[PDB]
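Here you get one chain, nothing else, as structure tokens; it is the form deposited without (2~{R})-1-phenylpropan-2-ol.
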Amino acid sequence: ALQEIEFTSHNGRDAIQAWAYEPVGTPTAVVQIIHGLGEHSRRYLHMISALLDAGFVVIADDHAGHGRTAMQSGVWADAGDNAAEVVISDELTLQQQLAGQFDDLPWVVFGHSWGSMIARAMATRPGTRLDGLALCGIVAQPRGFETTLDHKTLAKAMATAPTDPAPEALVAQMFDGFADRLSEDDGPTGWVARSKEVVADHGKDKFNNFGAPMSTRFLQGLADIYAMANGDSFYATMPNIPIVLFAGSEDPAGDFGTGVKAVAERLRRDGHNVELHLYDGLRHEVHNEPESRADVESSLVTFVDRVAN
């Protein structure tokens, strides 16, 4: 069965476009997919079908400024003021759309990229439905967020022109070093996947519209959520539930595996239950990379079944 869900965003502007997918028979879990920057939930058709095949309910929305939400509002790469709280609030609202349908079932959040940051921030909030946390394309200690992005210049832009397009200089700082292991023929979004076919399709997909100029307030939202996901308060408040991590060793977002190993090691030192899948030689979208997609999906099913046990 298919449900179309719409609700007003926390930003009061966007009709959030959302879908629930129910398998045949009696489902054993709910998986909530949280897409990343400059993409959309219906890009996950393969994964959704694999999870339905496993007996899970899947629920996903196109965030503020993204996908069909952007296509219907006409607003791309902006989510309103307090953009981090908007997209966190809307992912909570999404859970409430199934209230009284699957209340007895375990609930896993799978977040990719910006989605890994939204999933991490969500996790730390009381009231969130969360029995297991799965993170993919994990943004963790990249040079751009950690050091290159100039908080003083951003703060001046936030004070004077929050809703205007983000200055190019600031945007470049956020992506600093993302092309450090690419060739010229990989193109500037070569970091998305080793597979040129995956990258080509990413750049064609009208529901991605990747590279729509972001607003200054949307860039502040990325810097806010980064600090919410990688900050001391994340580690201090992460609940004692199973966690699984999927990343490419060749992904700049996770500082070429170094950032992702540090997340795993800090969670482990703090006594957490952590499963790490670090794909050697693969780039950001290990769930879309033809070498790793089957392994990510089968590990994700195994993980949801373990949460359920």
Contents of the next structure:
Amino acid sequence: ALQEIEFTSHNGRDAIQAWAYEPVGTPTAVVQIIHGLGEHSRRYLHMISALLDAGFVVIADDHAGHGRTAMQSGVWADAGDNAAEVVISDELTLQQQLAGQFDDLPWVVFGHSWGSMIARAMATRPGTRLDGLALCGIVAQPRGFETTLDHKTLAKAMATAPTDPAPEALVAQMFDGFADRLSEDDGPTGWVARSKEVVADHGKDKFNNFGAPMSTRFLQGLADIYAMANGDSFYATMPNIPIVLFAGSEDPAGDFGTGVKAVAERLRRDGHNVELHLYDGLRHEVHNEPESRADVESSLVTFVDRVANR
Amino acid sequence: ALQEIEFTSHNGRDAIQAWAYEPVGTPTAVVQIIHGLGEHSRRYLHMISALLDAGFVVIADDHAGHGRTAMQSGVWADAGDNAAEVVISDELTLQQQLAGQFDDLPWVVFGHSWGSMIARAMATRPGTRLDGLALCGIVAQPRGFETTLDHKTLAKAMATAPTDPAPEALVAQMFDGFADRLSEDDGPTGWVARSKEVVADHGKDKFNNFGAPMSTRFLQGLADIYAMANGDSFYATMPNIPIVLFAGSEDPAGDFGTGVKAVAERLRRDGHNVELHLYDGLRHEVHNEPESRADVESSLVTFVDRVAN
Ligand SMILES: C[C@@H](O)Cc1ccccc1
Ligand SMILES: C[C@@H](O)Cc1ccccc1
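Take the protein just shown as the form deposited without (2~{R})-1-phenylpropan-2-ol and give its structure as the form deposited with (2~{R})-1-phenylpropan-2-ol bound.
Full assembly next; the chain just shown is listed first.
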């Protein structure tokens, strides 16, 4: 069965475009897919179909500034003022669109890239449905967020011109490092995947519209959510639930595996239930890389089944 | 990649809701999925994913009176005057939404139930892109369309009240015998699948809205398209291209396999290339039945790869 869910964003502007996919039979879990920056939720068709095959409900939206939400609003790569809180709020609102339908099922959030940061930030909030946490394309300790991005220059841009296009230098600082292991054949988005076909499709897909200029306030929202996802409060408040981590060892977003290992090591030192899948030689989208897609999906199904059993 | 396509229907009322799904890489074929009565195209996610995995473009719409097209128009289970020609015209218009994108690829039409009748009618028309024909849930020589439906009664209703709701007695005649091998607990749509879970999901899906009352003119469109798909002109003008048939032996739409075997026998006697998959013990939706789904999909992929060869 299919549901179209729309709701007004926390930003008061966008009609958030959302879908729920129900399998035949009695489902055993809900999986919420939270897409990343410059993509959309219907890009996950293969994973959605795999999760339905496994007997799970799947629910996802196109976030503010993204995919169908942007197509219908006309506004790309901006989520309003307080962008981090807008997208966290909207992911919590999405959970409540199934209120009364699946109240006794376990709920797993799967978040990729920006979605991994949103999922991590949601975990710190009391209202959240979250019986397991699955992260992919994990943004953790990359040089740009950790060191290159000049917070004083960003604060100055926010004080004077928060709705202007993000200054080019600040965008370059935030993603400093993303091209470190790329050739000119790979192109500027080669970090997306080792698969040239995945990268070419990424650049073609009209519901990604990747590369639309971000506003200053949107860039502020990425710095904010990076802090919320990677800061002490995340580790201190992470609920006592199963966690799984998926990343490419060549993904700049996780500092080429080093950052993802640090996330796993800190959660494990504090006694958390942590499963780590680091794919050697693969880049950001390990759920789309032909080499790893089947292992990511099967691992995710086994993980959701383990959450449901507990 | 994903495309949203809309175009105005041949009926002049509906914004036909449609999608094109493009695989990563260089595709080798296009597969057009044509859904059946009371369902929608977004109910083929598993098949769409399988065909993308095989390197094919997939294109589909929600027909007039169906799925998102009905959700957006507010009109369910009516397609306007001349309903058969509306839905045939719209499937040809859908093909032209990819003009210039995949002009050198082979094009396979996959039609399920009403879609199998639309696909058969399209095959007879000049200009249709059609390198191979795949039919599922095949409506072929069932007792209701063949003999129970009273054409004189229908013609009187069409002459005086074509836009009014179809008389219930005529709807019952058209689908006479569809409950013949069901138990009471299978319920009135038990013919959909042996799987009770498939049937329950069919009855719950908001984009099916199954059971919305048909207009008289829509019923007439089903009789019309039945005759276009099963009549002499179909057999006489079907192009000499690969054909594959999928059906359950317990599907009333194909007279419990008898009708489908006769379609295959007539096409073969006429010199056609016919591949027949008749699934014993399974009902209408052999592409959804858990027993047969993987076989239908893997057989479709092999077929499309043979059309491409
Ligand atoms: C953080 C993730 O969403 C990955 C990403 C980095 C730069 C641009 C788009 C995406
Ligand atoms: C003809 C096919 O679309 C099958 C069918 C028969 C009766 C009602 C709905 C669907």
